[PDB]
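Next up: just one chain, as structure tokens, the form deposited in one PDB entry.
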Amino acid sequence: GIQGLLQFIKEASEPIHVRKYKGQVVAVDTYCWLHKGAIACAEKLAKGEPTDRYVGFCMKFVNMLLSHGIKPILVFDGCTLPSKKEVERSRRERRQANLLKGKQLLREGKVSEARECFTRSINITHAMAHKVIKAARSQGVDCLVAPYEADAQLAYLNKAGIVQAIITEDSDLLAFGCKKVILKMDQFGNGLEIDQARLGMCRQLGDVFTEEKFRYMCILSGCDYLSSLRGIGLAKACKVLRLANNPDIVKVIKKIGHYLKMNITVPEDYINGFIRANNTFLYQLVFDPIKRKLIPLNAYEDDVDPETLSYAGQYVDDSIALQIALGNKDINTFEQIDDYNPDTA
């Protein structure tokens, strides 16, 4: 996500309880709970031992939400965006490297620091997620697998009014333009809410409380799609945008050295990357639960060629998208693994 984003914007946060959303619909970044629940069984997962502790963990928050008369929508990650296909396979190996230290330290007498490495060799698989889905469906709780990043899917549900808020631990959800976010929510419903309208109560931001500018700042500060120019963080990135009153972000970026009173030359690999990163936050493919069709997160503008946005995600027959979204089609093999039909229940 965005390094230190929450701390930068903490002026816009607010302690709340989920009861607040009684009678309403809330989308969940279920992965966050999955990872946390995976912690309790990192050891067992590695040895291939049969563990389901992360399922019960996810259900604890789910049943907490239901007990307060809340309608949860569990959203899950899907395929890996092109353009991060590489940056991700990269983790594949480092996540396997840390799984090596555990095994040696466990056979030395140290079982205390060996375990610290297993938490970092934790691999949240699709099969693990599918288990959680079966549990949720069994309590009548709706589940939705995003075509690509749950971030965009979650953002879409919120902007479309399907859900009134999003429960997540992820910072760069705001960058996708979602209105209400609930961070740090615990088992009992005590969370820390961030409303997009309260961005204006951040002095540090100043004039960059608009969604477009807020997004430019986040990217300049350094996102997943594009690392920032080294020496640029939230404050500097904010400063540039908060200073240059020019609707032409392209020309603005090429003057970064001028605004910061620094001396940086704006490479070519970055100006293009910013355009792509931006197109990824705007137009990443999501699934419209209502019509049942694959769509971009935002309607295309008049200055965007859709045929060039393969890096934000590739389309598929809406039927294929439906089976993936329902959690029937395996992500990697595109091989059906379940026979679930939302219409018949």
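Only the largest set of C-alpha atoms that superpose within 1.5 Å between the two forms is called the rigid core. Positions refer to the first chain, counted from 1. What changes on going to the form deposited in another entry:
Just one of the listed positions, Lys254, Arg198, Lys131, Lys84, moves its Cα by at least 2 Å between these two forms when the rigid core is held fixed, and it is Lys84. The Cα position of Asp186 differs by less than 2 Å between these two forms after fitting on the rigid core. In the core-superposed comparison between these two forms, the C-alpha atom of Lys159 has shifted by less than 2 angstroms. Relative to the superposed rigid core, the position of the CA of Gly109 differs between these two forms by 2 Å or more.
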Contents of the next structure:
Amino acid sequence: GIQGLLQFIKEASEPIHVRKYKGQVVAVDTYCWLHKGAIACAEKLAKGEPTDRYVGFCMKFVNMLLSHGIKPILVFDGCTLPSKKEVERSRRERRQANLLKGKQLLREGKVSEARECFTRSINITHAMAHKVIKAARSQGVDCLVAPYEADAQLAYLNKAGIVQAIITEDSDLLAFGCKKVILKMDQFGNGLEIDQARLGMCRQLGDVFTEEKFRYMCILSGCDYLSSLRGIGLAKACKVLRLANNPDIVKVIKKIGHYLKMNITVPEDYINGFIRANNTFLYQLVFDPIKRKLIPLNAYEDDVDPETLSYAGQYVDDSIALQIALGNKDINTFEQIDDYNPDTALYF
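Could I have the structure of this protein in the form deposited in another entry, to go alongside the form deposited in one PDB entry above?
Next up is only this chain, free of partner chains and other molecules.
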């Protein structure tokens, strides 16, 4: 998530209703809904007790979309990104800590406190996601498990013209170069839509409305793949990018002190970290639903060697990739949990 991006470009947003996309196809960042609905039954999840409330919670939204003549594509997070492993470890430690503390408060008598910790302990597994997948596919709703981050997969589906809008809460979708993003959507169909073309309505951006410059800005402000230099947020990064008559981003990164008059000295590690972050935003592996193969989010440019981009996700055989995409192969255990086949009983 880009910390503060939604508030920074709020002039590019407008209140809409999803009836706007009647007859069209939209993709869904389902893990948001999963995280929301899991909270309704955090006690049972923490205690290990069985619960299927989040399933109905998601299917509620799904049916809401279906009622307005919309075809929703539920997209799920797949395997872990090495380039994001920091935030993943952080959140893991967080959830585990709140879990142990929750158990402690459970055996201390503290009720609401332990329940709160349980809310802050929920780890969305592929099992729950697969419950939602079966529940959705039972009603003809297409589902897709990304090879890695759902963000990149959604971005691809939107760029490929397969879907016309992305339903999510994460601002990263804009940094991935999505055209239309529906945020803050409730269970009725009311949400805030940010359009890429409307980024020009943001006076603060300046000439930083192009996909490349916008990406550079989001990265420089601080993303999930790279922490920002101390003292650098959205405004100063956008300032740097505005005051630059140079397409070569690296030289600009080095001259950040000049462009800001802040006397900043950049570490040599941060340059490579930036290269890696940009390469992750650009070339993270996604799954083609049509050709059924692992491709990068954007086509490889001639100035990059795919061999060096393992942190943007490593390749597997397209059979495995397809079985993952269908939700048959467990993301964690890598063992088969289902045997669904889109041929026997999208992807056309």
